[PDB]
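S.K.: As a plain string of letters, each chain reads:
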Amino acid sequence: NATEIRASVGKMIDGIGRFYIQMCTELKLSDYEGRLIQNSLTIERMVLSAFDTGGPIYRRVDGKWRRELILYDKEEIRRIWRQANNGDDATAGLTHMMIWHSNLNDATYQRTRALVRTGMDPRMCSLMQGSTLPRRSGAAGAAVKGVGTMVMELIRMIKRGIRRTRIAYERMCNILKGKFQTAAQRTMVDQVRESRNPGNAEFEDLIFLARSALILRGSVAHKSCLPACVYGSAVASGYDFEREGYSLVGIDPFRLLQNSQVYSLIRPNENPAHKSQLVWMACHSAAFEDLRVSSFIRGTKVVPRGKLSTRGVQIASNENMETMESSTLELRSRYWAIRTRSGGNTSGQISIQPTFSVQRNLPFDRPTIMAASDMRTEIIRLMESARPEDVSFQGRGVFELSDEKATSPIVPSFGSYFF
Amino acid sequence: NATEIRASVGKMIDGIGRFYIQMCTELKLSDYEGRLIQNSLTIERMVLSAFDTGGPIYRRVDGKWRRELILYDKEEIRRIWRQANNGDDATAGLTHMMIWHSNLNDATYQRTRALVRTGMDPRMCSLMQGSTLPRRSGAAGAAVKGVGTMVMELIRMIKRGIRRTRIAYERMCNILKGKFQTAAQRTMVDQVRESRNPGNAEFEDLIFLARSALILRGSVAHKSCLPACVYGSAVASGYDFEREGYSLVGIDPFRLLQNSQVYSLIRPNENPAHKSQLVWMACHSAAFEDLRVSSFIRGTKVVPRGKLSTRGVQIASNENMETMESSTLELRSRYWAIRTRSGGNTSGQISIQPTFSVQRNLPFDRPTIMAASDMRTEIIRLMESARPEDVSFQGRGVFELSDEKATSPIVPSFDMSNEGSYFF
Amino acid sequence: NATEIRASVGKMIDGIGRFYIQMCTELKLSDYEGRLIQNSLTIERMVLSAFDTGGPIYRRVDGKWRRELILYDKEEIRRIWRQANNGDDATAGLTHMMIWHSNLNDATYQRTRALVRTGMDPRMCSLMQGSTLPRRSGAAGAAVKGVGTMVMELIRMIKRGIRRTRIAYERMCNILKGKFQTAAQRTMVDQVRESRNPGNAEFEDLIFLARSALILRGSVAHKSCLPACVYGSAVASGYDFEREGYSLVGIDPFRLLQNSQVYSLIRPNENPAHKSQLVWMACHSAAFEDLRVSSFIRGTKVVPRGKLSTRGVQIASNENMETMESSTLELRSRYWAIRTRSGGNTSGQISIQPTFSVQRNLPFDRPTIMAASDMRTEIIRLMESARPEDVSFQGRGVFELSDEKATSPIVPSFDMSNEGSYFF
Amino acid sequence: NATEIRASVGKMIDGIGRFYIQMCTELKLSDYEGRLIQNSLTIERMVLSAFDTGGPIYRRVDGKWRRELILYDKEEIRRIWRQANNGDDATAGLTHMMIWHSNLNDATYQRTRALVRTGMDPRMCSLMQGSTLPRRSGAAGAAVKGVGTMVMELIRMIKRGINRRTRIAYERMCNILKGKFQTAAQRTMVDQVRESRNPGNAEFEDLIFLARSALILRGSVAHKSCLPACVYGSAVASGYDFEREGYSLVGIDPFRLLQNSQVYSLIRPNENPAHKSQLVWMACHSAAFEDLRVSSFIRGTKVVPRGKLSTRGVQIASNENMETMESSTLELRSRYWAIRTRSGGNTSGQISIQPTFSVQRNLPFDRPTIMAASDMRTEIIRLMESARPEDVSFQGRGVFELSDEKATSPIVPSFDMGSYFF
Ligand SMILES: Cc1onc(-c2ccccc2)c1C(=O)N1CCN(c2ccc([N+](=O)[O-])cc2Cl)CC1
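Protein chains in written order, with full-length UniProt numbering: chain W, 21 to 72, 92 to 201, 213 to 396, 403 to 428, 438 to 479, 485 to 489; chain H, 21 to 72, 92 to 201, 213 to 396, 403 to 428, 438 to 489; chain B, 21 to 72, 92 to 201, 213 to 396, 403 to 428, 438 to 489; chain S, 21 to 72, 92 to 202, 213 to 396, 403 to 428, 438 to 481, 485 to 489.
Where hints are given, some of them may not hold.
Partner residues aside, some chain H positions facing chain W, computed with beta carbon under 8 angstroms [unchecked claim]: (1) 309; (2) 384; (3) 465.
In silico DSBU-like pairs for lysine-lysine, Cα to Cα no more than 30 angstroms straight-line [claimed, not checked]: (4) W:351 / W:470; (5) H:470 / B:357; (6) W:48 / H:351; (7) W:113 / H:470; (8) S:351 / H:351; (9) W:470 / H:113; (10) B:470 / S:357; (11) H:470 / W:103; (12) H:351 / H:273; (13) S:351 / W:351; (14) W:48 / B:357; (15) S:351 / S:273; (16) S:103 / S:48; (17) H:470 / H:31; (18) H:470 / W:31; (19) H:351 / W:470; (20) W:31 / W:113; (21) W:48 / H:470; (22) S:470 / H:351; (23) S:351 / H:357; (24) S:31 / S:113; (25) H:351 / W:351; (26) S:470 / H:357; (27) B:357 / W:103; (28) S:273 / H:357.
Keep in mind that the hints were calculated from the coordinates and are not lab data.
Yeah, the Cβ is synthetic: ideal placement off N, Cα and C, and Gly gets one too.
Take the sequences, apply the hints, and build the full model.
M.R.: Here it is, written out as structure tokens:
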């Protein structure tokens with residue numbers, strides 16, 4: 021069954037790939053051009069639009104980068120998609136690209152103005168993964184949406200509050227409950243769900259739950275979804291994604307990025323290694339991850355959004371094509387890591409006992425040892450019980466790329487906020 | 021004409037694949053056994069023997104490998120060849136296999152002892168491409184034979200000066227002449243050929259030309275030819291070779307190896323990666339290629355022959371089976387490159409005039425600027450002029466395995482350290 | 021006399037500037053018409069014929104452009120020039136405009152016919168700076184000339200020879227001698243100069259000397275000489291050149307261009323960006339400069355002459371003005387850099409003594425050791450000594466346009482894909 | 021016998037080490053202070069002087104570096120030396136330290152002023168390894184001296200000739226020099242210089258000529274990794290058995306020993322530490338006139354020319370200010386190790408390539424070997449033209465991983481990471 025998953029995940033990939041090759045045949049792009057992320061993005065944005092068309096395609100002519108603006112029938116694209124997915128409409132593949140896009144968004148744009156607009160805390164952006172994704176996304180879509188995104192969506196509904215949209219509010223309530231780990235938080239979601247007239251109090255509870263999820267974090271899916279051009283390149287190399295299988299959370303995407311080759315258009319003022327960092331973060335869904343953890347896995351320093359030289363991957367219609375040069379996106383990384391759904395809630405040893413007289417801190421597991438009527442106060446009780454020093458994922462590490470089955474972990478010894 | 025040569029090579033490869041599949045049925049071989057390079061080798065060796092029989096076939100019982108010799112009527116194997124080839128005799132396909140064998144040989148053994156035996160330098164082995172291959176290889180075989188191989192065959196005929215076979219000597223001289231790129235070298239062959247009774251005079255001219263081929267290199271074809279089991283696997287999978295076409299010199303063999311599965315028997319001391327280096331090199335006619343270039347294409351390091359722990363792919367009759375392990379060969383590569391006939395030999405600006413005080417190198421096309438009666442000493446003059454640091458194949462590059470039409474050349478550099486340059 | 025060269029340079033620039041303005045008023049040219057490079061060229065071309092008339096002048100009338108072939112008195116323009124320069128002949132100003140035209144030519148035309156007519160290698164176009172420049176140019180004009188230009192002038196004489215024209219030959223031999231950076235090249239020009247009977251040997255020695263100038267590069271002045279409209283537009287804007295000073299190799303021409311406004315007529319098949327690449331290079335004496343370097347200084351890429359879509363700045367009299375349009379030339383750049391006179395030549405240890413048993417070449421300085438003799442062989446050896454990879458102008462880099470004094474250099478780190486640096 | 025060598029080389033090391041520990045006990049230096057190269061150098065310079092005394096010893100007191108100036112009887116030191124070398128005078132050990140010193144000199148000082156003084160070419164400094172070594176050095180001393188050093192020494196004698214037992218002294222030095230040359234021709238030329246009964250100006254010219262030839266047709270010259278005594282003393286104090294383990298000057302041992310060692314240097318305020326590190330490291334592996342590209346490779350950081358270094362030189366002058374003197378770690382580790390050779394590398404198996412792939416690159420061949428298609441001066445000249453700076457020597461030799469104890473898998477570099488230290 022783990023082998024079953026890998027087979028249909030792999031067929032999903034094989035499809036996107038096969039599609040992409042067909043778009044590089046139509047458009048008569050060279051292998052270089054097909055590997056331009058900007059081109060990749062337009063092709064992805066075309067097929068997504070086709071199932072809801093065109094956009095900028097970039098050719099290299101006389102050593103310079105030419106933007107053209109192509110158009111196509113949604114009907115032809117929708118057929119090519121089916122052809123490449125072997126008859127099927129294959130909605131998983133569409134969703135995959137949607138998640139890659141959102142991951143790119145989460146890493147490109149700070150969603151602050153949209154947060155105050157909803158009467159939420161502008162500093163909550165770590166909870167916001169998946170915010171630019173549509174509500175017309177799959178089970179996989181909801182998996183990927185962060186607690187914040189969920190809370191914002193339910194607030195939008197309550198704010199519009201002052213039939214069929216009752217289930218829409220209850221289902222989203224459910225999804226949100228499904229994200230919480232603690233008994234208490236889960237019960238609070240029920241009280242908000244069960245409310246027949248969702249007033250201001252319901253709003254406050256959501257704002258309160260949102261805030262709680264900064265400390266008592268939510269279980270949120272992380273998937274490595276790469277630009278279509280990556281997959282198309284792999285398929286064109288003869289790679290059998292169905293027969294080999296593939297996983298979004300394992301080694302596969304890291305392994306695939308080691309030997310891949312993507313190029314980006316880069317604005318004169320911009321620093322390439324930075325445009326590389328942006329894209330890399332998007333690829334492994336790591337915009338609200340520990341910058342220290344990112345830097346470790348990558349093997350160069352991942353630096354905050356305010357330190358980047360990059361104006362953002364996609365290129366504006368009014369921008370000048372004359373100053374536009376391009377370069378390699380450097381997408382390899384020293385190690386790989388499994389990605390988890392969990393936020394990591396806090403037998404085997406809890407403490408140390410010093411053997412050697414040597415300057416150092418002396419570890420112990422503070423939560424586990426420190427285990428020596439309103440829902441709001443119970444949640445408050447736990448948040449004080451937590452300190453930013455508590456270790457989660459005890460006994461988990463990164464791996465050598467040579468470590469195909471993940472047998473020998475590597476734990477690092479280390485602000486660290488991207489935004 | 022190009023779209024139909026593909027169609028016919030397609031047809032040829034197809035037959036090998038079909039024949040191999042047929043032999044795998046004939047011999048009731050497991051999926052794993054049919055892909056074992058050693059089994060492939062015997063199957064190939066048998067068809068060639070039947071068209072001038093049996094050989095060893097390896098089977099895993101109880102986990103441990105068991106070899107058993109097998110005998111087949113030469114007439115019966117000939118029948119299977121012709122069936123898998125829709126009736127036609129498919130000599131091209133028998134030649135393809137012969138070349139694969141010749142490529143494997145080139146990569147496995149130094150051709151030193153037979154070199155001193157003829158009158159030639161042991162340090163001429165970079166010129167011995169296809170010295171294992173017979174004269175029973177056609178025009179395809181002639182192309183693949185290197186400058187020194189030719190030279191050796193003419194010296195063997197001369198040293199049998201101790213009619214209808216005169217014209218054989220002429221034809222061979224023409225092939226040899228056809229490989230030289232300087233006219234000076236060609237005029238000298240046109241001074242060996244017409245010599246009606248050749249003895250020491252012509253043998254001295256040939257050694258000189260052979261020696262000259264080390265610097266002013268001849269044009270020798272390189273063809274990627276894979277072991278029959280790979281083609282068999284690709285046929286079994288539903289790749290119609292005849293319809294899709296196939297090139298020996300383009301992406302097709304590289305793409306075929308990326309996605310194939312070939313196993314090999316390994317002796318207890320041997321390193322599987324090193325064995326995988328031997329097969330890879332063989333597949334791509336790369337025995338006498340700059341190791342630095344091989345490595346770059348391959349994506350991992352390609353090391354010299356005397357740093358390799360391999361006795362050779364073949365298993366000799368006396369070998370201990372009980373101690374024999376097997377493993378998957380690493381035949382993949384990071385990039386690909388067109389295989390060439392070329393030897394490399396060499403208006404508008406040829407240099408730069410610095411306008412600005414800016415730190416940089418000042419490029420200039422060195423070999424051209426540097427380019428500025439007896440035929441022997443004419444060659445020497447050109448030889449003295451040649452510098453090993455001069456670049457050839459200007460603008461030609463490697464390609465991504467997705468780059469079918471060779472659109473986007475990647476021009477490498479070899480700063481990523483290696484283990485030599487000469488494989489010998 | 022540090023700032024004193026700068027004041028007299030700004031004297032000439034004010035000069036040309038005042039002359040352009042006064043000439044616009046007298047041709048009654050609108051401000052847009054006035055800043056047109058084609059009106060600039062004809063106005064420039066008129067003073068120079070006058071001190072040795093007409094040419095086409097262009098107007099926007101009824102929305103489109105109309106050429107009018109106007110004729111003014113040589114004697115009257117000669118008078119206008121004088122009172123623009125406060126009485127003086129001030130021939131320095133005249134030389135300036137000649138150099139500007141030469142740099143445009145140098146960017147515009149491949150001198151391939153011109154080179155072969157002379158029995159020179161057509162591949163010598165890099166050595167050709169100031170080929171269209173007359174002998175009637177100053178010592179300013181002599182400095183700007185390339186090694187190959189000088190060799191050509193000398194070959195034309197020796198050829199014309201198959213009194214006081216002898217002192218002419220000898221003068222040119224000395225001009226050339228001073229461009230040479232090595233003592234061997236210098237001595238060899240002196241053997242040419244001292245020749246009792248200038249014939250074939252001297253032709254052969256010059257050809258050899260030109261060839262050596264490709265690797266062992268001559269020293270050639272690069273001066274940034276801009277169109278007269280550019281200077282006239284700053285002097286129209288009350289900018290005081292005699293006050294502020296001016297350099298031809300300093301920041302000032304880059305500074306002037308960033309603030310400047312220059313238009314050009316563009317044919318409907320012509321790319322505006324390509325026309326403006328050409329003018330830009332001519333503005334900075336940059337025809338034979340490494341494209342990598344030119345590109346880095348400008349920001350936007352500088353392509354080879356064969357990828358450009360322009361047939362020149364001047365318009366042929368048979369060309370139709372109805373389909374003719376015009377736009378603003380991109381004369382700006384991302385950075386600025388100093389212009390050298392030098393062509394970058396590349403005590404203490406002269407050899408290595410190996411410590412480690414490691415595979416490598418064992419460097420030694422072959423010219424210097426072997427120098428312990439015929440002049441050709443001394444030169445060949447120094448040429449063989451040089452590699453295209455050798456770095457020149459160590460420590461020297463480009464500056465931010467704000468950075469007015471040369472305080473903080475930017476040393477560029479140049480691409481792995483490094484071929485195609487030659488504009489012709 | 022290879023095992024025999026390692027045993028007595030090892031005993032030699034063990035001795036220096038044991039001696040050094042005894043000097044750190046007397047002087048009551050802390051483990052830190054004993055690992056100061058400057059202290060190491062004074063201790064070494066003391067025992068060398070004793071057998072021909093004192094000098095500056097640096098203590099760390101209240102966080103600052105104090106120079107004192109100690110004195111001792113040559114008699115006491117000479118006894119400590121014998122005690123540590125277990126009765127023996129053990130002259131090998133003395134010579135070892137002398138070579139480390141010369142190696143340090145060859146990397147510190149350019150010997151140019153001393154070259155013109157001898158009427159030799161000021162650009163010959165690559166031939167000058169061992170020049171500051173005394174003529175009172177062993178067989179090991181002579182091994183280590185470069186052709187130039189030898190030529191300079193014979194010129195000094197000829198120059199004194201125009202102003213008995215010094216006849217053998219001139220002939221033996223002649224012999225040593227002949228022993229360094231590889232080519233038949235160069236060896237014969239040395240004989241003509243030896244056999245001359247009245248060594249005039251012509252003899253001088255021949256030596257000058259031979260010296261110059263040895264820039265291209267290089268001399269066989271020994272390279273030995275001789276480390277500061279403190280390195281050894283530290284190893285011996287760690288309980289390490291140099292006799293039982295054995296040791297080699299040209300193999301992995303010195304690289305292996307520097308990987309886990311720890312030396313500190315006093316560093317002048319203006320100076321860059323990583324540079325002082327480079328100086329010492331070069332000295333340690335005898336690599337002052339080696340290919341800077343080769344050095345940089347083996348080390349794993351860039352080794353940069355003598356004119357790019359921030360360093361004023363290891364030993365500290367009496368008049369220098371102790372107040373601005375800070376100190377740091379000498380970083381002496383290296384990415385790889387390499388065998389050191391005696392040879393200069395004179396130019403079966405393949406001589407050329409045959410391109411398989413259409414790819415931009417140079418196409419190698421072995422120029423000398425292929426180009427093999438009555439005065440001694442002209443014969444030598446014939447060969448120097450026959451040579452080009454591109455000729456590869458040491459075909460099929462490489463560096464090794466430190467993990468590669470027996471040297472089984474080589475690594476050949478491709479050079480782009485001049486290349487002359489001076
Ligand atoms: C092109 C290309 O497109 N897809 C791949 C690829 C795709 C999935 C997994 C691995 C490689 C790929 C590729 O270039 N490689 C990487 C180099 N490569 C390789 C991969 C793995 C190993 N290895 O870890 O033993 C050794 C090698 Cl030489 C062959 C496949």
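S.K.: Going back to the hint list, which numbers does this structure go against?
M.R.: Violated hints: 6 and 9; rest satisfied.
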